[PDB]
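**Q** Below are the chains, spelled out letter by letter.
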Amino acid sequence: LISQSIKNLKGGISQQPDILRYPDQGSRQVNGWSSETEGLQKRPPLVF
Amino acid sequence: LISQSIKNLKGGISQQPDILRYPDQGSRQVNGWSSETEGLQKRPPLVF
Amino acid sequence: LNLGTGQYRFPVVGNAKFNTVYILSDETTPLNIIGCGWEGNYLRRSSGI
Numbered sequence: 003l004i005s006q007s008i009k010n011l012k013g014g015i016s017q018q019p020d021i022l023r024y025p026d027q028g029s030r031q032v033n034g035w036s037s038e039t040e041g042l043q044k045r046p047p048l049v050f
Numbered sequence: 003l004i005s006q007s008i009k010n011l012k013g014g015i016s017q018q019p020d021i022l023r024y025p026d027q028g029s030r031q032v033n034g035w036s037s038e039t040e041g042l043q044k045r046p047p048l049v050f
Numbered sequence: 746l747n748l749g750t751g752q753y754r755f756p757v758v759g760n761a762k763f764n765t766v767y768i769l770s771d772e773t774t775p776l777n778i779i780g781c782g783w784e785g786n787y788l789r790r791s792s793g794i
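Here the protein sequences come in this chain order: A, B and C. Using the deposited numbering, you'd call the opening residue of the first sequence number 3 and step up by one each time. Using the deposited numbering, you'd call the opening residue of the second sequence number 3 and step up by one each time. Using the deposited numbering, you'd call the opening residue of the third sequence number 746 and step up by one each time.
Take the hints with a grain of salt, since some may be wrong.
As the list claims (entries may be wrong) - Straight line, CA to CA, 25 angstroms or less: simulated DMTMM-like cross-link-like pairs of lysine to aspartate or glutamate:
{"id": "1", "chain 1": "B", "residue 1": "12", "chain 2": "C", "residue 2": "772"}
{"id": "2", "chain 1": "C", "residue 1": "762", "chain 2": "A", "residue 2": "40"}
{"id": "3", "chain 1": "C", "residue 1": "762", "chain 2": "A", "residue 2": "20"}
Simulated from the structure, these hints should not be mistaken for laboratory data.
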């Protein structure tokens, strides 16, 4: 029984197929803000 | 039963979350003086 | 003076994610901190990698 932790989430799309791609790379990501210390965040809003 | 020693304390704040950060890096530090050989010290005082 | 030389051992009992050791003092007196260790039982069930 194995286990592993993906430490960061930076980041973004990787349209390379999933047996090739790195960890930290999601398959889609909308309105995300992969910062340095904090990982995924919402992008800060608009003001009118 | 495991154990490990953090050899130095140099140094300072690391607002990166604690599963990412190095050892030697505290989460807050006020009036500290992380020297080269000696580690944490008090900062020397203010004469008047 | 009362200064002394290390080490000093003191119980930090509990989980690692919840114990926050910190050193306030005050004072009219210096300090030096060279290193810091810790021991403790480690048991990861899922033998990783």
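**Q** Now tell me, hint by hint, if it's right for this structure.
**A** We went through each hint and held it up to the structure:
no.	hint	verdict
1	B:12 with C:772	holds (22 angstroms)
2	C:762 with A:40	holds (18 angstroms)
3	C:762 with A:20	violated (32 angstroms)
The structure shown violates just one earlier hint, number 3.
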